[PDB]
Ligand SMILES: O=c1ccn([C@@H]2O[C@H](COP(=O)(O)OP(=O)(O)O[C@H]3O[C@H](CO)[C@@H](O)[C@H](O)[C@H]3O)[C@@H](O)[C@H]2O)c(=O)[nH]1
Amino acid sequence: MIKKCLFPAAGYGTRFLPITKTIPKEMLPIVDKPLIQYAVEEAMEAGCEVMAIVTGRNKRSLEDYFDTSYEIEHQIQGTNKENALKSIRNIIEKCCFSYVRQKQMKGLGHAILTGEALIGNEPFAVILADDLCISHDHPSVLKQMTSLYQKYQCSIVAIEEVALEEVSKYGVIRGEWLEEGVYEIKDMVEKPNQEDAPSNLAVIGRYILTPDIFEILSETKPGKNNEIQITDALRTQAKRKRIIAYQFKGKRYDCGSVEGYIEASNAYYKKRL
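Return the coordinates for this one chain only, taking the form deposited without uridine-5'-diphosphate-glucose.
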């Protein structure tokens, strides 16, 4: 039962400067919940008990959010806003948190590698708080994955279809159909050109990796900005053995860009009715 979930949060959020200079990206709110909370809730719902978070520059806000705020929950008690803290409070009492500082920030590659100090040798989950996913009366994307994992016992990378045009700015899969939405990764091509792309199935910020990935990342030569492309690592692993590519159910808003963030907040404002 996947017990740990690794949240890479050392990113700089350059697209959101200047606020992202003091408030870590993962803390930007949707309507009033920080991005990171959706992410932890999703994971907790998938059965994870330990939330291993990789922090960067401003981690104070991150770590503090998951600390039990005694003051306001009492100074809000007996009022009509104790409902607002029910959820977060739940996570805090039911989850265990661990942290580790990302060395010289080198993307998602070293984030997972750095996080080995939090996971150790055991399969684990990985969530990108920036990929805000919601499931239309379906289990949270991660739960769909932990469940799938119980059957495949291997690394699972969540994929989704993008417009054949959009393909150039994604990590694309090329696998063997196996089941209703399951595939066997056979290769992965980072940001491929329209006529090279082996498919319209893009990789999303949701993984379930087997411990060996660590060792692999550790062997991956770094590219631009000595970033360790996970696609390289996964491709490496994929060529070694069977690993799944799963087409999750639900919607994903890319809160990576300012556009997605806005789109993301409106939808959720509308949700509230």
The other form holds:
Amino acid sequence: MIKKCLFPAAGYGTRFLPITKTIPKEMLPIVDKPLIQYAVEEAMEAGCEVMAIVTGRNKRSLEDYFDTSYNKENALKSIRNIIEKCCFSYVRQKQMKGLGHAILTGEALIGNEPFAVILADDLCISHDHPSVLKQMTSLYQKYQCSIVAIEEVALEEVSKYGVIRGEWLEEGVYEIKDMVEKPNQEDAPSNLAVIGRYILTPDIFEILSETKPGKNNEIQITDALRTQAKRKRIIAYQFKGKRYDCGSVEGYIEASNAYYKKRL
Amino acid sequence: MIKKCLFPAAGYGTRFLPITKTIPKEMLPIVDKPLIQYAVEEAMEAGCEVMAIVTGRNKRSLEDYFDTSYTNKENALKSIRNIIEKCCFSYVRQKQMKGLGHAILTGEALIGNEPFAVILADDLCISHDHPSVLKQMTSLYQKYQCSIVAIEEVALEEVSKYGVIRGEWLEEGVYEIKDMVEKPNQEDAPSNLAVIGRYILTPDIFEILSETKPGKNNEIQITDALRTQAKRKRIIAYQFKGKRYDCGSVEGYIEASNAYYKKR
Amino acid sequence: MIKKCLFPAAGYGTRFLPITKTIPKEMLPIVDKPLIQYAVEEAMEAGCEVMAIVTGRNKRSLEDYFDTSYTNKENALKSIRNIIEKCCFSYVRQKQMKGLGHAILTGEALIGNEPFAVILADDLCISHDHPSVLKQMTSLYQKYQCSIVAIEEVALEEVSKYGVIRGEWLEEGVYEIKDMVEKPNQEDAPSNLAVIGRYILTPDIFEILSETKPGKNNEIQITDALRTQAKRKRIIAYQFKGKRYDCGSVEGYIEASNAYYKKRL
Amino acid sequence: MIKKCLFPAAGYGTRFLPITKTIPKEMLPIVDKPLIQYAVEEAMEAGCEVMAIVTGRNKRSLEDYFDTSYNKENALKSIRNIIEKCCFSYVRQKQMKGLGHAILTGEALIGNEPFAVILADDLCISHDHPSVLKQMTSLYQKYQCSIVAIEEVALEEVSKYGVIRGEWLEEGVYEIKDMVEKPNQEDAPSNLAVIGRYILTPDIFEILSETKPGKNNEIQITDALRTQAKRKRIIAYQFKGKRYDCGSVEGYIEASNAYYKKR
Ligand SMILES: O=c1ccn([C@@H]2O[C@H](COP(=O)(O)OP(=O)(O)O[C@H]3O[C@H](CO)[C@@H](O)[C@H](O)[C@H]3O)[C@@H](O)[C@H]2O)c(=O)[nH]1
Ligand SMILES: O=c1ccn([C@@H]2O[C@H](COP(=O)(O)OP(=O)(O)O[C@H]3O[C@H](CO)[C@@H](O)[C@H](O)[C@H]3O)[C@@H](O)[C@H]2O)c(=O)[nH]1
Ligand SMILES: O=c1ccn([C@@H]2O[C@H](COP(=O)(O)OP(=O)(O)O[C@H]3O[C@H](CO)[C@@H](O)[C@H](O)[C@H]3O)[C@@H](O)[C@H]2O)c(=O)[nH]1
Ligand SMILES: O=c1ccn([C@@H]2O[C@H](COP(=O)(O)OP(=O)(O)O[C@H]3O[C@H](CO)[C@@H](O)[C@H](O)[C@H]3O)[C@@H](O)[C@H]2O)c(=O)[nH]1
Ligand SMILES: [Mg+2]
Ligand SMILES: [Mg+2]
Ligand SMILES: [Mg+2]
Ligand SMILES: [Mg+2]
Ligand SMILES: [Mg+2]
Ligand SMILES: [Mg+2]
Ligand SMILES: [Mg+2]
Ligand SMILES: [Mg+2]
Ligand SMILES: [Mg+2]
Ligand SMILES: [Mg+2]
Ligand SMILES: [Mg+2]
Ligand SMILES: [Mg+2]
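Can you swap the form deposited without uridine-5'-diphosphate-glucose for the form solved in complex with uridine-5'-diphosphate-glucose?
Now the full complex is given, and it begins with the chain already shown.
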């Protein structure tokens, strides 16, 4: 059982400025509910009980949201159940040096165990099938190796994401042969894009500590995974469910509008 | 002239629950900018230099936002830093949620014996070729030297969500209020002229507020005190020029968000 | 009746570094109670109902302290709770540390055109055989209707840490101020009547502050503004009754603490 | 070696009420320095690099204190050093259910590894000797078992501390036979009182899980240590150095006066 889920939330969110100068992008609402809460509910379903959060300058709002306070009830029951059932842990990333560096800072909260990772700006809704992390948690029980979530996208979208090169194993399961962070579409090894959902074995921490800066001069978890994938097998998983890239303004709006209609 | 502008920001904003349990509704972003920043910019253009805020349970986000901090990251941060170095922010806590009228009364400590502006940031006002709604009102005030409340004609099916006036046409877009009613059913609406979150208030409004008893939804309403003033002397209603989105409602919040995005 | 009291609390408190990088010096406890609570309680006894606080970077400790959160806990809590339920707290941020004078000028947005009280919390005043210091002053304002600044006689050796006045005796404990100087060297002191952190100021003090240039330590001094006011019209100095500890200094901080302990005992 | 140090800071501090309403007692200043800063310096000297803090209802002041900010320089040298060298982690103790429970909560920040624990209200000032934790860190190296700092106190004081029953192994080292939390004078098994300094082997977490409320209906680390002591060998170390119980106002005052004189 993967008991810990690490949530990186120390990124600038330069694109949602000026509000991200105070409110982490992971705290932005889809209308009435922050991205991070959906992520937490997801991790819970997957079986996690310890939500480890890596924070930046804007630690306050994130931390206060998950601390004790006070169809109203309806709106507050889930966050209340979250606060009661989960143990929240926090560590501060001293400098914005990349996603990989964030996860490496998170070592203080994880220790020597495989663990889950959720990039909250990727809102994944699947409510017909188990949550995305849960799908991967079940896969992990069989494979016992790092797992990276993937989705087919248009080549025109590739330069925004990590892209793999994999060899089919079973339905929707690939053994990652190679990975590249944000390639030009001409250089993209496939249309299989990485999404903010991973299950990582702890040897990943030692690998991160020796992973140099890459794309945008940031320590990328992609390069660490590429290294791991060349020492032993790690898999990529085409999850079932809907994903909105809320790290993008386009995705943020479409998720908000979708929710609005659902609310009807 | 009007140098202070009171910003009530201590209501529950329940329909936006659970995020409002930590993030006040005035802090919700259209996409990248919180409602309150638009209101503040509108107050500045109107000549205000003191931004007085009535806080509730979660003022941490507000105070943090207007406190100094550290291409389009530059252009995204230009106005806010201008606001922070230019304006003077003061604060007072509304002990209990007893109505917009009480929040204004509580705001007396920050105002004193002087006419002032009041902005309800949940009403996002966009004036493109015209001055900000408050600036328009500021001009009016120079002539009339009396309370002024912003109105707009709305379909009668909406009249039940707002305060409504019965008035005498003084001049182009100007009426003398002879009565006001907070949230009447369609059957009883005095007219289709609804009140929006913009007011200029003479200071005798505080003693009136001091004697105003709970009204609609067991809340001390600014509408009821304005009715009292209206019957003691002349106050006016101004059909402002410009587009207003009621972001106090999810439907308005969503429309404003879609609007800003298309303009991006 | 003076209803508002301004509490400057935006200073650095350098002598209490590193703790003052997070906890403003006015929040430092005498053992179990921060300096500022004693000040607020004193203002309340004087009749003030609005506690206008000028903040700096350490606002959080101050703001949270006076906000709602709550014979064991009880008795130790009754006072602060009474305070939080009866008083109205307002805040303004002194954008930059430019001096007590500029801190009070920044405080104008919370005061307005009315006379008001000012308390410098690092000056702990205990005097319960008589009314609190500020209240002694509030009574005096009723008569004189002008600015009042608290003074205490000190040794020529301490004179250099305070503002000092030159006055003329009007009546018991009252002096019409003829001149004021901030932190004069022991040789240049006009007297031994040193100013302490307590004032009642008439509203014209703001306009005077707006034209007061940086004085000692390149900071705008309320002292220089009071000197200006004193030469313009009548303003007095009141020799208060009660004991005062300069908790603005580590020596006075320790003394008051030991003093309180010997009492808690 | 021991890389992490746990710092419980979630207790009520009813003693120092009202200020402890907003500020944790571990944050109370001696004169210009908060208790917790002395403890962190001590831990650092002991070789610790991860400072794991267990927080309560008032974490803002403690977290902000150890977060980047900006003789003023002589005053900020240490904390600047600390903030730039240490890794601080946080976890919330939901209900104040005792020191042992606070430590159990800290499991998420520790994991399965030996770790140190410092109760910051116990101010330990080592003159010519290394820090109390450094002394213990060295001892563990030899013993490889839980270590609990002790001090011989006066019998009339015994009732406010955990007390051991031990057997002399070597200079200032006792194998613990039993432990009781805050026994009355008449029932004290000795005059060797526990002080807020421990090195603990990870099996203490499971034991703590099984430890029911004891003294003052609180889950006590002393009872978990007692259980560990009967289960296998653990030691008590009579440290070299001066200790003030700043958990009591009398101690707080004495420490403040002492620091003042150092001038
Ligand atoms: O120094 C940092 C940088 C980022 N983050 C956080 O890490 C996450 C991801 O950051 P972001 O910049 O938004 O990453 P992306 O550019 O979107 O890319 C990541 O996520 C994509 C899918 O969303 C993948 O396809 C990529 O391979 C992966 O790098 C966010 O939660 C950030 O707040 C930190 O905590 N610290
Ligand atoms: O106790 C309170 C209650 C409200 N507010 C604030 O007051 C404002 C308005 O609150 P809201 O709940 O949204 O009131 P409405 O029902 O929208 O009604 C007000 O605003 C309408 C238009 O926006 C008008 O038409 C109404 O007459 C007027 O009462 C917001 O800024 C709130 O945060 C407080 O600060 N404290
Ligand atoms: O920029 C500033 C500077 C100071 N303060 C505050 O002002 C007060 C006084 O500051 P402090 O540095 O302690 O001034 P002192 O040197 O003590 O001097 C003041 O107080 C003395 C007695 O306490 C008097 O005798 C002096 O005339 C008077 O200037 C404190 O509450 C500070 O926090 C601010 O708020 N902002
Ligand atoms: O629920 C709690 C209760 C306490 N604490 C912390 O635990 C520590 C100790 O609390 P305290 O109340 O001061 O305990 P003491 O009564 O002093 O007793 C402890 O410390 C003594 C020495 O100081 C020992 O002799 C005792 O055996 C040991 O229980 C402090 O750091 C507290 O903040 C928590 O974090 N959570
Ligand atoms: Mg970006
Ligand atoms: Mg992203
Ligand atoms: Mg985009
Ligand atoms: Mg509502
Ligand atoms: Mg509204
Ligand atoms: Mg709606
Ligand atoms: Mg100083
Ligand atoms: Mg001083
Ligand atoms: Mg000194
Ligand atoms: Mg206690
Ligand atoms: Mg103790
Ligand atoms: Mg005691």
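Here, rigid core means the biggest group of C-alpha atoms that superpose within 1.5 Å across both forms. Positions refer to the first chain, counted from 1.
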Rigid-core fit between the two forms, the member of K151, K94, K191, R101 whose C-alpha shifts 2 angstroms or more = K191
Superposing on the rigid core, do we see a C-alpha displacement of 2 Å or more at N121 between the two forms?
-> no
So, does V203 move by 2 Å or more at the CA between the two forms, with the core held fixed?
-> no
